[PDB]
Structures are given as structure tokens and as C-alpha cells.
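Handing you a structure now.
Only one protein chain is missing from this complex, and each of the others stays in its spot.
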Amino acid sequence: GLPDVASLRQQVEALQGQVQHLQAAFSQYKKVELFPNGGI
Amino acid sequence: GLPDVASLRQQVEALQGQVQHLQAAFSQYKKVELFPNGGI
Partner (left out) sequence: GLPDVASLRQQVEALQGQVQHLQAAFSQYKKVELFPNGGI
């Protein structure tokens, strides 16, 4: 129905909420690969 | 057209599919920064 149409919009805000907090956590993991392990 | 309108909804389900499997993989990388390298 109509309400659900606009309700998919809030579900869409939810989807962007997931990507934003994933970029959030990612900020830490972002500076994780720069000094990795190597050699023997 | 109309069909494409609803087809953009399946495309949005695709977008959430990407973020969900990215959070999936992330679960592993999520416990990656806690014991990083350091010192000299």
C-alpha cells in the first residue's frame, strides 16, 4: 500500500545506516593494512 | 516504465545484499585490529 511505499524509504535509510557504521568501523580497519606481516 | 519502477526495488535488495555480505566478510576483518604490529 501507500504507507509501505514511504516505509521502504525508512528501510532505505536503514540501509544507509548500515553502510555508514560499516565505514565507521572500517575507519579503524582502514589503517590496518600499511604495516602487515612479512618475511620468514 | 512501471515494471522498471518495481525492478529498482529488486536492485535495492541487491544493494543490501552487497552490504550484508560485506558485513559478513567484515566479521572476520572486524576482529583483525586488536593485536596489530608495533614497536621496533
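Couple of notes before you dig in:
Letters A and B mark the chains as written, and numbering starts fresh at 1 in each.
Rule of thumb we're sticking to: a contact is a pair of C-beta atoms (placed from the backbone, for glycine too) under 8 Å apart; a residue touches a chain by one contact, two chains touch by 3 or more.
In the full complex, chain A touches the omitted chain through residues 9, 12, 15-16, 19-20, 22-23, 26, 29-30, 32-33, 36-37. Considering the complete assembly, chain B touches the hidden chain via residues 8, 12, 15, 18-19, 22, 25-26, 28-29, 32, 35-37.
Quick note on the criterion: only the chains that are shown with their structure count from here on.
Taking each chain's centre as the mean of its C-alpha atoms, chain A lies 7 Å from chain B.
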